[PDB]
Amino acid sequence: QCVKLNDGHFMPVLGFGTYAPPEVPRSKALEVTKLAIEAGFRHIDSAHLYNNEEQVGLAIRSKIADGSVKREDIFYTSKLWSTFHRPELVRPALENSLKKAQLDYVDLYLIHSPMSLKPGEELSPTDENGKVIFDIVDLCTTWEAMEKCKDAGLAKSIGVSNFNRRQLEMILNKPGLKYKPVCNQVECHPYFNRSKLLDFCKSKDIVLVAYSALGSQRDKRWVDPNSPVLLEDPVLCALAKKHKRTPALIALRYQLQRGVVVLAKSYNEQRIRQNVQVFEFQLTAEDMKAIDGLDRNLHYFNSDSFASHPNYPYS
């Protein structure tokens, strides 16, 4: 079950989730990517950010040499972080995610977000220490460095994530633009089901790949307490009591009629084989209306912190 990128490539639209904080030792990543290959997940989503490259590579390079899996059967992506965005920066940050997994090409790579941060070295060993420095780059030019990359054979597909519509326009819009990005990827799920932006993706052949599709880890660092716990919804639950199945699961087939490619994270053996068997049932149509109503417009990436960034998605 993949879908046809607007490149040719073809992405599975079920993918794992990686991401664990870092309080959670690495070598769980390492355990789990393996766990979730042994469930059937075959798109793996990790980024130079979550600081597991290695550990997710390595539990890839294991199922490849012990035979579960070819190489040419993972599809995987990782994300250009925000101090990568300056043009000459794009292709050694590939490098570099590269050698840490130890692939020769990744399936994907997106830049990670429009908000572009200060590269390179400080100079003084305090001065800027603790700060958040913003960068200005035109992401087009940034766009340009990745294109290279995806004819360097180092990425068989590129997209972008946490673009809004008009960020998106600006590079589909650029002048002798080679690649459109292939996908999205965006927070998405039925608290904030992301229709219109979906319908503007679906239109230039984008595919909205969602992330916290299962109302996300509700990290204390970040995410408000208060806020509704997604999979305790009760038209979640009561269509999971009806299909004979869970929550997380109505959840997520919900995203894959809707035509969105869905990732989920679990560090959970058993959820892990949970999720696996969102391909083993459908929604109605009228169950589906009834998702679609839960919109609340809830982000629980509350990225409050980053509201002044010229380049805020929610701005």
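So that the term is clear: the rigid core is the largest set of C-alpha atoms that superpose within 1.5 Å between two forms. Positions refer to the first chain, counted from 1. What changes on going to the form deposited in another entry:
- Shift analysis on the rigid core between the two forms singles out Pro125 from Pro125, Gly153, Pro92, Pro175 (C-alpha displacement of 2 Å or more).
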The other form holds:
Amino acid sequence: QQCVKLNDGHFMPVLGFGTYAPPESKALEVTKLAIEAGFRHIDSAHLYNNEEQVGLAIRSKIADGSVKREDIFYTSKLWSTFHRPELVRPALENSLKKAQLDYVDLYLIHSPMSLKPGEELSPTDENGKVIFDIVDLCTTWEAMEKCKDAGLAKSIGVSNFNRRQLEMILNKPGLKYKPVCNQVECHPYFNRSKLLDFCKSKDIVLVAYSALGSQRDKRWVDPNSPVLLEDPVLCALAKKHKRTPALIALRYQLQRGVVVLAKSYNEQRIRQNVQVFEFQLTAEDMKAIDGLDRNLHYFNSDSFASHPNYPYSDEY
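Return one more block: the form deposited in another entry, after the form deposited in one PDB entry shown previously.
FYI, this one's just the chain on its own, none of its partners or other molecules.
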């Protein structure tokens, strides 16, 4: 409903539902709850191994008449072991086959860190470092363009790119389509203000994940890291507005022109998150939240920090 117009003329709802949870179905149940609560933008990926269940949930809410297909904005992502140009369309077609849909609304390069092709999601060496691939990302992008022209994806964009990595695509000779979006880690402890200003200058929408502080998976999160939603400024703002620290975090993104994802597998929290549209943070609230920035990415593991194209080496 509240939507941004993408640089390709398509529209994306500003609030999105995060479908990923740790390997520990449930995806089916909570995705239907999300749609029932009012979410229209649904975020999945090959990586999540949940596209059958998320696709099922969406089609179920269309079949029962709750929504029409054109009312749902469905995103999947090309996994980093499928960057070689010849793998891209088959990876999209397989995503579509799993979801049982004709097209995705949005197909993303999940990460700028190409990995060796194969059946493993993150092939790693004896030293825990990912086995990386040298495929030119511009050729991956050209294959994404062809997926858009084939009608298999209404829009195409990227995820986890820094400014440099974005400029590589933007500066490609023969570029047909700019990415519509860059989906990146973004929250009050890592607000990406410089990258956000850059994206806006290029008509690229910044889409925030881990907007509620991440699920803190022991596999990649520093257990030392502060819990975002325990932040005392966020909790003081929540008390002032009679909302919750989660709502304060989501609303912050909306007011700075960031499209925001929120994962919840809890029925009460799913319904709560749609309340982000019900209230407004003041100019001073926003400045206070801006002051929380610690440049803190919660995804913080050697396995990927070792990768030559790790986006967090650059200033932004």
